[PDB]
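There are 2 protein chains.
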Amino acid sequence: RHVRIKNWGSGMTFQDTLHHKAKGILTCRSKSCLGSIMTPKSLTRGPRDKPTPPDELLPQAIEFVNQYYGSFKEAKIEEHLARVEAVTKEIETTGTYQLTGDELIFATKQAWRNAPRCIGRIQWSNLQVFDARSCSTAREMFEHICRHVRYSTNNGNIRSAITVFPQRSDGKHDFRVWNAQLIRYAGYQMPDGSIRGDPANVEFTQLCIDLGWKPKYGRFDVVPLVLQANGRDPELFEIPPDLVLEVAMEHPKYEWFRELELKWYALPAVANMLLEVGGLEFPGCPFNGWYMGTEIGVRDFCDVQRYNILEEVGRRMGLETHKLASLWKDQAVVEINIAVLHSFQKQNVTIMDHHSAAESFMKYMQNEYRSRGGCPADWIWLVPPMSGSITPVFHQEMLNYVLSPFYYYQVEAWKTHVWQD
Amino acid sequence: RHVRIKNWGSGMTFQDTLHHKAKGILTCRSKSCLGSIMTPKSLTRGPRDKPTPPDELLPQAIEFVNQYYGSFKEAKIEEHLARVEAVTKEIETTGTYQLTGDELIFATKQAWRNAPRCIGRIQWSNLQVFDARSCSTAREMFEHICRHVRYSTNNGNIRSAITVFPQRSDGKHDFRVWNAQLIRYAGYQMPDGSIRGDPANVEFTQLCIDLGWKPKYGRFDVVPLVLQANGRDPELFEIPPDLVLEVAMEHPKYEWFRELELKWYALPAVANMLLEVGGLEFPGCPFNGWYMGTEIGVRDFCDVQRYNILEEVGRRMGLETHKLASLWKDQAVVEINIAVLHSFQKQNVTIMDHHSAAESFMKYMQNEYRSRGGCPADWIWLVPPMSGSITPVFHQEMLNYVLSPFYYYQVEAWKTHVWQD
Ligand code: HEM
Ligand code: HEM
Ligand SMILES: CCOC(=O)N1CCC(Nc2cc(C)ccn2)CC1
Ligand SMILES: CCOC(=O)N1CCC(Nc2cc(C)ccn2)CC1
Ligand SMILES: C[C@H](O)[C@H](O)[C@@H]1CNc2nc(N)[nH]c(=O)c2N1
Ligand SMILES: C[C@H](O)[C@H](O)[C@H]1CNc2nc(N)[nH]c(=O)c2N1
Ligand SMILES: [Zn+2]
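Read top to bottom, the protein sequences are chains B and A.
Each residue of the first sequence is one higher than the one before, starting from 83 at the first, in PDB author numbering.
Each residue of the second sequence is one higher than the one before, starting from 83 at the first, in PDB author numbering.
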């Protein structure tokens, strides 16, 4: 009836029953396990050129309404029954339906709660929701986004929020933001063959240039927002500088560290995912939380395909960077990460270290099993990129599965966009 | 016809077709992925009470023979034909078959090559095979094991080897080593409830005591070998102290490190797995390689359920152990691991750091794809437990699947053994 889950670090067990409600979209079979694929198509939700048949939609809608009313501490049969009725008639007389403000709030929080790859879910109930479903132009989208950025940045005391643009209709009037993130630095391929800035963003930066943006050829240039309104061709908008809070990096001991002249933005915001709820699809729903130190210290600064600064920090510390077995790399990554946490704290900007994040997630996980007999979780994304087994999550067996509402991936907009002009 | 595999660090791609030959036995469904389960039933070959029926044996046996002869650089069709006949008649006139000497060698190396959770596979063709299939008593087992240990230790210049005991017959005459490993330290529960030694080895040490072993209540006492021959009750044998090479731990910069008085054995040997080949089952086949440093530094020394010395080392270093955010745990694990590598090196005992291991695995995986369009790999076990994303394997997408020959887990012998005396 269930799958038994064990934590080898404490001996604790959990019984997972919630997985039975999961959708059958994972590409794993008895023949092979595909769990480690980065962007599996099973987690992606591509474009459409026609509306969702009322046929397929009605069940999901009812299913969602039931999920929503069931969550109430006290049944409300009348309201529940009446809502089930309203939704049915609406789907028949219009071909789709509209969620109420309260249902949208519930949905965005539940989709977060159902995100397997997110270690910060213990905060799932503290989420600000900006209802931008009546948005109609690209410039209006830009204004909602600036409001979101200002609200969440909050002078360094970061707050989580999501802005929801209009739901998908026939799939030809999609409202979305092409950028993978709201704030991101440019990457440029220089005339001399070198790469300046974030090497993983060269392709998108080039797209911006081709759309008219003026490359500033700097190391930390914030790219503009490429906004798509009502299925129209995308329009560029630059975020005002005063809204982009940045933290300059320093090390509490190595004074030469500031000489590297490094910095990073304080707001981590995913802008290109799709919210699925009761059969409804929202292709435009940027959301943000706050940073976990290792995202910047380990991935952005130390990935070879990113800023790749590990060797330089190594030399400056005076390590034997010619001998792998000296573990100079491991010593350097810890110092770089210490600098990230120190710099954020020094400037009073919210950030979280990976130990604290791992611990809070274990608490969250335990509450989810006692509250709903399950917690979808993707071990591969939850274990931090450094000091894995030193954290409690490493020793925790987990089940990964897709529920609904859910945040899905999408295919980059520029790959499937049919340019009108 | 093929799954595309990608390395996000180098952008390189792989096309996997080998997974088609895989045995459909993983518990992963379309509704939920069970990739992070430690010891799944799908990778466990339990006991038997009756010989294996030829309807299953014959097909598998032909498969193996076909696989073995296919592996030849210059086909030998006649011999291949002869073998198929011989094996068929043999299975007919006796009910089972015997592998030849070279088929056994081939089988052990292929099973290693097929081990998804082993990062040291680049050395797969370099394996000493001790053929102990004509063994009949527990005492002979002991002597075969001492020879194996002496050969493999080789005064610090560790060599890989496997010792193969008699194949399973009716499942009531199993030849096996009850110990999880050939060399392991005891764990004692004291009268007050506290634990002395390896707390993860408390149950097995108690079993040894109940069978007659005199406890020494030390922190690093090597437990005796519990050996079962021909399905009989197990016999205890203590490994001669001179055959157990140990490395005393020291730190290159911290003189106080030696005051912790820590050491570890040089030979990592798995002794409780089952080798499956052509339908045949070998429940007794201890094998060894050489250590990867993180195994001792991170897992044995820093796991909270193991020796758990992290906090003590942090204090000695004078770190702020009251603040998770100072990342003292990360600084301390690095120092402990530097000590492990330094100590082995100083005593001239083969050991391998996790960076070199990771790099060699990438080479091996590349060759595997060029050789057979596949490489079963379990991401979760291959990424080292510290500095994960700083190694190339973290960025490599992988497919996990079960081939044949293969090394399976077994149910602990003491849980299923029916005592005669
Ligand atoms: C409150 C602070 C939060 C923290 C500390 C946190 C932390 C994280 C981290 C570290 C990741 C891994 C990112 C990566 O490796 O690329 C992640 C992923 C994710 N988070 Fe959270 N998160 C927070 C808030 C949120 C919010 C507000 C939502 C949605 C309402 C959310 C939805 C997700 C999703 C769907 C992913 C997966 C992104 C992907 O697969 O590319 N998170 N989060
Ligand atoms: C020569 C050097 C070798 C190295 C450095 C190496 C390294 C490793 C490591 C680091 C693990 C993970 C162990 C754990 O996390 O518990 C492992 C597992 C394993 N190794 Fe290798 N190994 C070597 C040789 C061998 C040989 C000779 C065989 C087989 C004949 C082998 C078979 C396996 C198997 C089957 C596992 C999985 C064990 C389990 O699931 O408990 N290894 N090895
Ligand atoms: C490579 C560029 O990466 C990024 O811009 N980011 C890294 C990936 C992603 N991280 C996040 C997202 C959220 C919502 C909360 C915490 N962390 C968004 C920020
Ligand atoms: C907790 C006790 O752990 C162990 O005795 N070991 C850890 C797990 C296992 N490691 C290995 C095995 C081999 C064959 C090669 C390298 N490393 C065998 C040794
Ligand atoms: C729960 C999870 O399966 C377990 O804690 C881990 C993960 N990674 C591992 N990988 C290795 N090399 N060795 C292990 O024992 C484990 N165990
Ligand atoms: C290849 C591998 O699956 C991939 O690089 C992963 C692993 N774990 C991850 N986990 C997180 N949190 N974020 C990531 O992008 C990745 N990338
Ligand atoms: Zn799977």
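Treat the hints with care, since some could be wrong.
Which copy? The list can't say, so a pair holds if one copy fits it or any two copies do.
Stated by the list, open to error - Once the Cα atoms are required to be at most 20 Å apart in a straight line, the calculated SDA-like pairs of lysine to any residue come out as:
1. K171 - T134
2. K335 - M399
3. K158 - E343
4. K88 - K123
5. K103 - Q429
6. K405 - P334
7. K123 - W90
8. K113 - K123
9. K113 - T170
10. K191 - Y490
11. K445 - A407
12. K296 - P273
13. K296 - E145
14. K335 - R397
15. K428 - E402
16. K123 - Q97
17. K428 - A407
18. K335 - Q413
19. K88 - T109
20. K428 - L406
To be clear, the hints were calculated from the coordinates, so they are not data collected in a lab.
Tell me the hint numbers this structure goes against, listed in increasing order.
Structure breaks hints 3, 5, 9 and 13.
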